[PDB]
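Peer 1: In case you want the letters, here they are:
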Amino acid sequence: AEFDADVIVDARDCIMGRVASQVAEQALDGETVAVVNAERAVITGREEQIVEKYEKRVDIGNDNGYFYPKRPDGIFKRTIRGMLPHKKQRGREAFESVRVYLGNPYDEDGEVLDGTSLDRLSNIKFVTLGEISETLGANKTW
Amino acid sequence: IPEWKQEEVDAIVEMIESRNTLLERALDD
Amino acid sequence: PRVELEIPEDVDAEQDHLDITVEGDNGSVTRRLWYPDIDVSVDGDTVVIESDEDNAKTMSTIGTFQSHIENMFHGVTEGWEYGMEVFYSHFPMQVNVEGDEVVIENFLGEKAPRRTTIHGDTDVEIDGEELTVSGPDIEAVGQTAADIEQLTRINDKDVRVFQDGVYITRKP
Amino acid sequence: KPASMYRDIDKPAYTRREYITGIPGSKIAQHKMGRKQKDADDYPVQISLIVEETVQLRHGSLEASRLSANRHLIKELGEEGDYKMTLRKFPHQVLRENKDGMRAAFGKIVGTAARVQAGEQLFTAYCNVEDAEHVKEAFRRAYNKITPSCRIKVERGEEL
RNA sequence: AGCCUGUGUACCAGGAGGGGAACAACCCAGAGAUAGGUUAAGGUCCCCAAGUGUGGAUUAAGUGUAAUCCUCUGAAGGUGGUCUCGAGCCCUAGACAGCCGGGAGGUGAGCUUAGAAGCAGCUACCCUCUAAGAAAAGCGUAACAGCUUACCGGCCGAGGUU
RNA sequence: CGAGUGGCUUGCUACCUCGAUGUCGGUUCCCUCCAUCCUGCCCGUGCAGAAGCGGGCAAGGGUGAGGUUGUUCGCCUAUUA
Ligand SMILES: CC(=O)NC[C@H]1CN(c2ccc(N3CCOCC3)c(F)c2)C(=O)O1
Ligand SMILES: [Cl-]
Ligand SMILES: [Cl-]
Ligand SMILES: [Cl-]
Ligand SMILES: [Cl-]
Ligand SMILES: [Cl-]
Ligand SMILES: [K+]
Ligand SMILES: [Mg+2]
Ligand SMILES: [Mg+2]
Ligand SMILES: [Mg+2]
Ligand SMILES: [Mg+2]
Ligand SMILES: [Mg+2]
Ligand SMILES: [Mg+2]
Ligand SMILES: [Mg+2]
Ligand code: NA
Ligand code: NA
Ligand code: NA
Ligand code: NA
Ligand code: NA
Ligand code: NA
Ligand code: NA
Ligand code: NA
Ligand code: NA
Ligand SMILES: [Sr+2]
Ligand SMILES: [Sr+2]
Ligand SMILES: [Sr+2]
Ligand SMILES: [Sr+2]
Ligand SMILES: [Sr+2]
Ligand SMILES: [Sr+2]
Ligand SMILES: [Sr+2]
Ligand SMILES: [Sr+2]
Ligand SMILES: [Sr+2]
Ligand SMILES: [Sr+2]
Ligand SMILES: [Sr+2]
Ligand SMILES: [Sr+2]
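Line order of the protein sequences matches chains I, G, E and H.
Just so we're aligned, residue 4 is where the first sequence starts under the deposited numbering, counting upward by one.
Letter by letter, the second sequence follows residues 12 to 29, 63 to 73 of the deposited numbering.
Just so we're aligned, residue 1 is where the third sequence starts under the deposited numbering, counting upward by one.
Letter by letter, the fourth sequence follows residues 1 to 99, 111 to 171 of the deposited numbering.
Everything labelled a hint here was simulated from the structure, so no lab data went into it.
Some hints here could point you the wrong way.
[What the hints assert, rightly or not] DMTMM-like cross-link-like pairs, simulated, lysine to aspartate or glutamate; straight-line CA separation at most 25 Å:
id	chain 1	residue 1	chain 2	residue 2
1	I	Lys-128	E	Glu-139
2	I	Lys-128	E	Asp-19
3	I	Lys-128	E	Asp-147
4	E	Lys-57	I	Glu-99
The task is simple: from the sequences and hints, build the whole structure.
Peer 2: Listed below in structure tokens is the structure:
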């Protein structure tokens, strides 16, 4: 609810890993970032092996716990956390000044970061975060 | 340059004197 | 590579994005033709399938897109029809169309009716021991027919002896 | 015993019969097959099975490959077919096995093997242009019973 | 065998510092203090200093992103997955494939055999018509029939095949 | 005959521990692996059917009671999917 984002990024049709790497770099530079339309971000590869990896992460765990997100919401934010020293002061500060959303709760339309776009016309082997979440069992609230 | 085709175009022209391409060939003579 | 398909006078083909729609006197069919770097478009009187790549994998899909489109042309005009025959040795098999699915009763004596839902706007007309599956979408028709035959599949017993079931008699 | 035990050339050459006793006999029945009264020059085709890696081949394997090859040639060209095949290597290297821990470990003699350098011809056949494929099949069965990969090479033969 | 036992050498032992996730001996490097600068090994999407660098190609398996290694596996065998290069032969006098038509008579050859007629076995394997057609390459029959390969013609139209 | 994987058996080594890392079998209680015995779904058959034999996917659940023997193992009995 209300997030003074210095930058609003549109993840739609964008390679998640590539977006995350830039959002991290900017959060560490002090920018407050809001990633939009997470459910529509994409990750290249063979949907079958991709899903096996994310399902394995869901099955891993124990008493100590390995809480892994299932919604495109968290999947994306965890992806970003892995690019930040979130256990350090400076790192946790950057991370906490970053938020991912389902759809776009803002009025403006996020911008599209350079090099992160995927041309659907030249690509068939890729998957949507939303699709992954649905497979993982998430409740399609988007 | 198949020889049997050449010999045919002749044999055909011979009977014309006294495959379709080969017949059209002989007619062209 | 580039191939050009002159569309039949009986037909009209429109396409926006990755979806192509073909309409004729027999109906209409819409398909999605999506493959890396293969552009499908309607250039007035002809449909065009082209790409800058010529690798085996691309050439394969191009030829596939072609037959899919020509099949759509054929489907909207002449249409597609598969002919099937119901055959039984001891128990009279009862094949009927009920709703949007064909129901088969008393297969090999079974008390529970075997059934399958019809795909698309496929028409399954039955007359005696003969069935005729037809429609404009060859994909839908083809499956419906196949589905009907698969509906009497048996794995438990020797098929050479128990040959009851409906079979595709004529492929279009 | 697995060939992994002796397929590599990781030991000195051990072939001196004058200092080695109890060497088991060879299981290789013949080194010259087919019509051994006829010359090799009397044939239009000459095909050799070439080893692609340096290795040691125990006589047990030479016999199995040779046998499984000549056997095919016999089944396809007859007990007297117009062909001739040669196994050109002989198992000179003596093999041991330490069969008491590592004390006085020098092994007792257990067998023999032939050292084959990569690129060499283990077998070589000579046939008529007709049976050229029957020999290629014989070798295919032969390199399936010896450690290394092999190239089936047609030396004298251009009816191709 | 991260085994045992030699030999030469450099290293650890007794060797910091930089790199290698961590890690006696692998790489750079031999080091007084303090300070500025430039490199070495190694690295430049983020974590993490420096490229989401350039020209070009391949890979679709997340192969791979693993110098060395007890530590990083992957083999014999197989692959019309895909890319690249070479050779031979066939082809607009129409190839390869497909589809359509023809696949004929003497004659169901002779022999054996009740029987045998392309096709149980044995021998031979000839000539007519013709633009083709075996004394029949594979099924099939009790034996016939029937179904096709060879072989010819048409339709088609561009590379094909080894 | 050839090529491998595992690390349950055994052997080998002597790297760790001799200012102490308590044995075998059993029991009780928890998690796991798949090279699957049953159960689910399949393929082949020397598949008529029934019952089998062989193979594929698959580790969700199940795999029990008893006689000798400390036994592990195994032999034996009646049940059992
Ligand atoms: C109590 C003790 O000695 N603690 C010190 C060490 C040695 N050890 C041990 C060694 C041999 C044996 N055995 C087992 C049976 O075969 C004879 C030797 C053993 F039980 C136990 C162990 O666990 O820790
Ligand atoms: Cl957990
Ligand atoms: Cl951290
Ligand atoms: Cl793709
Ligand atoms: Cl020094
Ligand atoms: Cl991955
Ligand atoms: K001890
Ligand atoms: Mg010391
Ligand atoms: Mg940086
Ligand atoms: Mg890997
Ligand atoms: Mg010790
Ligand atoms: Mg399994
Ligand atoms: Mg059965
Ligand atoms: Mg379980
Ligand atoms: Na990826
Ligand atoms: Na988890
Ligand atoms: Na001793
Ligand atoms: Na030193
Ligand atoms: Na370090
Ligand atoms: Na990987
Ligand atoms: Na192993
Ligand atoms: Na199970
Ligand atoms: Na017992
Ligand atoms: Sr950056
Ligand atoms: Sr050695
Ligand atoms: Sr081999
Ligand atoms: Sr780049
Ligand atoms: Sr490039
Ligand atoms: Sr280790
Ligand atoms: Sr290695
Ligand atoms: Sr291999
Ligand atoms: Sr498995
Ligand atoms: Sr079962
Ligand atoms: Sr035990
Ligand atoms: Sr016992």
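Peer 1: If a hint holds in the structure, say so; if it does not, say that too.
Peer 2: Status of the hints after comparison with the structure:
Of the pairs offered as hints, the one joining I:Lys-128 and E:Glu-139 holds, with about 24 Å between alpha carbons and a cut-off of 25 Å not exceeded. With a CA separation close to 19 Å, the supplied pair I:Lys-128 and E:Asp-19 stays within the 25 Å bound. Distance hint between I:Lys-128 and E:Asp-147 is unfulfilled; the C-alpha atoms sit about 30 Å from each other, more than 25 Å. A distance of roughly 46 Å separates the Cα atoms of E:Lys-57 and I:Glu-99; the hinted pair therefore is violated under the 25 Å criterion.
Consistency with the previously given hints fails for numbers 3 and 4, ordered from lowest to highest.
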